[PDB]
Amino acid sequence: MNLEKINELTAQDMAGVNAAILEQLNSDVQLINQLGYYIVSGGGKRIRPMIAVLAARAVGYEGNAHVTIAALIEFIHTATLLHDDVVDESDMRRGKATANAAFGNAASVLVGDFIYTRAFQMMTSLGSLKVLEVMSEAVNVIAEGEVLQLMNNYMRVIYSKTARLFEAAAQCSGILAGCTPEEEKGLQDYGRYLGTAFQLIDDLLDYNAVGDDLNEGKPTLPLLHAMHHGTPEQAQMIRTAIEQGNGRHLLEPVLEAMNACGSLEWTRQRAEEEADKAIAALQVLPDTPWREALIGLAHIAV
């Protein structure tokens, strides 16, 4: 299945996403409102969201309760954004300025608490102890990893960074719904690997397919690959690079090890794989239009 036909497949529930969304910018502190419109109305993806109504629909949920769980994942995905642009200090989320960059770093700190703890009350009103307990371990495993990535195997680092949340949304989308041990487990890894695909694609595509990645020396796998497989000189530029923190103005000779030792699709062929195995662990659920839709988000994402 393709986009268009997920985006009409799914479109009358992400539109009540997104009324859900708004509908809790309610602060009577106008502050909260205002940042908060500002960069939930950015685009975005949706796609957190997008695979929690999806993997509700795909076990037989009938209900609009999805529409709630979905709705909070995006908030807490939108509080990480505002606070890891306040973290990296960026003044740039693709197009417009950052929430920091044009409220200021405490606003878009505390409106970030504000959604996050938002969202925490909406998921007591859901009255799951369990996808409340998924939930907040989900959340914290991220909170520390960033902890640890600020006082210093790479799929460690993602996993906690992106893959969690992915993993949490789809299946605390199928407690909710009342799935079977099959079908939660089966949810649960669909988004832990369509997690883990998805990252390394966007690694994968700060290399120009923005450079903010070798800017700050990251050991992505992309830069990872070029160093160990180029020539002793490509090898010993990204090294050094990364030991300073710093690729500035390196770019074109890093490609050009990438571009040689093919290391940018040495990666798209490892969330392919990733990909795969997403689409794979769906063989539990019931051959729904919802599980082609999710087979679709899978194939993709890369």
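For the two forms, the rigid core is made up of the largest set of C-alpha atoms that agree within 1.5 Å on superposition. Numbering follows the first chain given and starts at 1. First, how it differs from the form deposited in another entry.
- In this overlay on the rigid core, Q269 has a C-alpha that sits less than 2 Å away from its partner position between the two forms.
- Taking the rigid core as fixed, one finds a CA shift for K185 smaller than 2 Å between the two forms.
- Fitting the two forms on the rigid core leaves the C-alpha of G245 displaced by at least 2 angstroms between the two forms.
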Given for the second form:
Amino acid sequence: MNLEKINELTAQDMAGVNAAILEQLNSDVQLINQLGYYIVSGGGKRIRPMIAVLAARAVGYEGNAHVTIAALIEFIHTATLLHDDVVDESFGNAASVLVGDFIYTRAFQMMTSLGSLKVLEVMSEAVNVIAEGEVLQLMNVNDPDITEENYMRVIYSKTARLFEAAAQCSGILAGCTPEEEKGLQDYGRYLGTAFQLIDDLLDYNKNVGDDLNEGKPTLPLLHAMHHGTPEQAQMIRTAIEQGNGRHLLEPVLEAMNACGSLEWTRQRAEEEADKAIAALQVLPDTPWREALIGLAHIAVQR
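Could the form deposited in another entry be shown next, to go alongside the form deposited in one PDB entry?
Since only the chain itself is given, any partners or molecules it might have are not part of what comes next.
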């Protein structure tokens, strides 16, 4: 099932998402209204909210409070992105922060309008994990000595965990079985991880080399450094320590191709996508599920 079949299948629910998003961002302040219009008219995949509506329908959710979860999930994501824009000694810091908070806080109100503590437990924990992940990532900047245990935790915390909570909470809302619930909870976690690994290597393939220029150690980079010639291992660690090394993309790429860092990551992402597709086997075979599997494939397609 391709993105088009997956879009038509979600067309109606995604309208519900958009409408709930507009209702929450409908206040007097161009800056905010215009962001709502921005989000609902975005020609992007908007996979996070799609997963939320898909997960619920796959477990037979007949109502439509699942559209409110899809919406708050997108808010959590938007809010985290706005805060990720804050700069120091190097929209604007002010708008990025305040609008970010507006969206976060609004995301929490929606969480509780659902009137479910379980949902609140999970979401409440995920967002705090996400925040935690953002700080861990901040500490890792210019640090070429971080372990994979660390890194693996970075992506899980900042990307995977939100996919996990979106699938799981949609399951909870639909009062599905503990077994089914764990199917979606794992599918989100594994897909989220695959999604981030693919994202990290595409950064080497906006402008490839941003992670590099910022000194952000990602798997592709941590692998070439360890599995490479001392000549290269030094250039990489230097590039990570001083930052501003976009100019070293080729030498770094050639170091990656030499030990297959990128290929090794893509392969690692595919293990993840295959684990998420597996977790979904405990669910009734239906187009909704076919769609959730279809996303796992797309997520890792070249």
